[PDB]
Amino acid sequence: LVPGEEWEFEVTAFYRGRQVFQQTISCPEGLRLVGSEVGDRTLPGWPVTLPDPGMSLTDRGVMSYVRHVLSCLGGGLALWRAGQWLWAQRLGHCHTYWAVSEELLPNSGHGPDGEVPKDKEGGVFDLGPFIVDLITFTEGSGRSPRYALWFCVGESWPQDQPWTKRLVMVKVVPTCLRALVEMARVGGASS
């Protein structure tokens, strides 16, 4: 609720492994991934509408499922910063699973870091450990710290299968963290 921790997020959505959307928004109340009309304002956070699968996808059977998923989003998927943590909360009918990974999610079937809670927000990213490892990275640990949040919307997490077969995958990146890692890399650090 207190200013000074506003973060810009780059949101990239994929319908069946196909990038169909990408927007960058810096909002003090964090954001909400909705799948519709943009109305009910009673909810906090800037609403980011995922596109209707019709204007990008050609397959009509797939447009069907995605449309259903996007429709069950209701309040959406809220994400915001508060303190040293990134918080997420599910406000609709679709279970959502998350995991912190590389800019490009690997099919290293390992399972999700967890499920976004619906009753109360849950922490999905801790800035503390990130900075600790960013510093050793500059020293030569050779291990770049992860900052990309990936969400599987409407289906279980793609463990034994390629995420590109999931109806709706969302990638969220805090751009300042991406920048900090790039400066450490350009400063002379390798993986």
Contents of the next structure:
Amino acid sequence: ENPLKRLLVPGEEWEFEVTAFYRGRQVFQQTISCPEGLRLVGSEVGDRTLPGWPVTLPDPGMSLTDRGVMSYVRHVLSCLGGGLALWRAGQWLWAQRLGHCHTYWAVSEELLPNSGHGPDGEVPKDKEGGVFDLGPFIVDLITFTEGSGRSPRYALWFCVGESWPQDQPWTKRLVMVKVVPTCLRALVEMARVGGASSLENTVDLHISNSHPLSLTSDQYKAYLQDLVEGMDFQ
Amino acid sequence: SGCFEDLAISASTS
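Okay, that was the form solved without the partner chain. Show me the form solved in complex with the partner chain next.
Entire complex below, previous chain first.
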């Protein structure tokens, strides 16, 4: 009966919007849906055996003119190997490095802030690693609906082949990839518009076999609360 | 160029 609980139904496939940046320049954007998640790879000839939809980062020669940057980006892509795998399991987003390119992740804004912040951690190689929990996200989302100020962050940013930009802008980095589960973007936006001049608003979760929902502010909050109770916490 | 300075890439092995 709770239409938001479709998000956690076994077999459901979230849409992941993947945006790649070469030195602060957008060079790639694609939305994928896959049960085994995705894998950010460096070439078309990778390794089919590894599960997950292969997301091939483009050759810098198609977008860049800096020969020095092109060479360094090409070396990063060629060392990606198996690549960076991102998949979903329940209320968690998991990440694992399958190549030799150290990758550092962080949950941040839709656009990486001019100021900076730092990494939330390094993507592990020899084992799995959680990079996002839907649990605390909805809890913050509910708190946000209650007008407590700050919307929850949902944009996963990955720094590939280099350490995280702490003492330098993110635009200096060779390969920066943003991955946004479009359902989270939709949820936040629905919360944002929820407290405005309209009885009902439309939210589209952009997940498999989902229809656009038209809810009032209070029943959207109610659905959020019920979704929370059904989720796991320590 | 040359070497690739200040990259976070572990040595190759297969």
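Residue numbers count along the first chain shown, from 1. We call the rigid core whatever largest set of C-alpha positions still superposes within 1.5 Å between the two forms.
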Only residue that shifts (Cα, 2 Å or more, rigid core superposed) between the two forms, among 74, 117, 109, 114:
109
With the core held fixed, residue 38 moves its Cα between the two forms by a number of Å equal to 3.8
Let me know the CA shift of residue 59 between the two forms in Å, rounded to one decimal, core fitted.
1.2
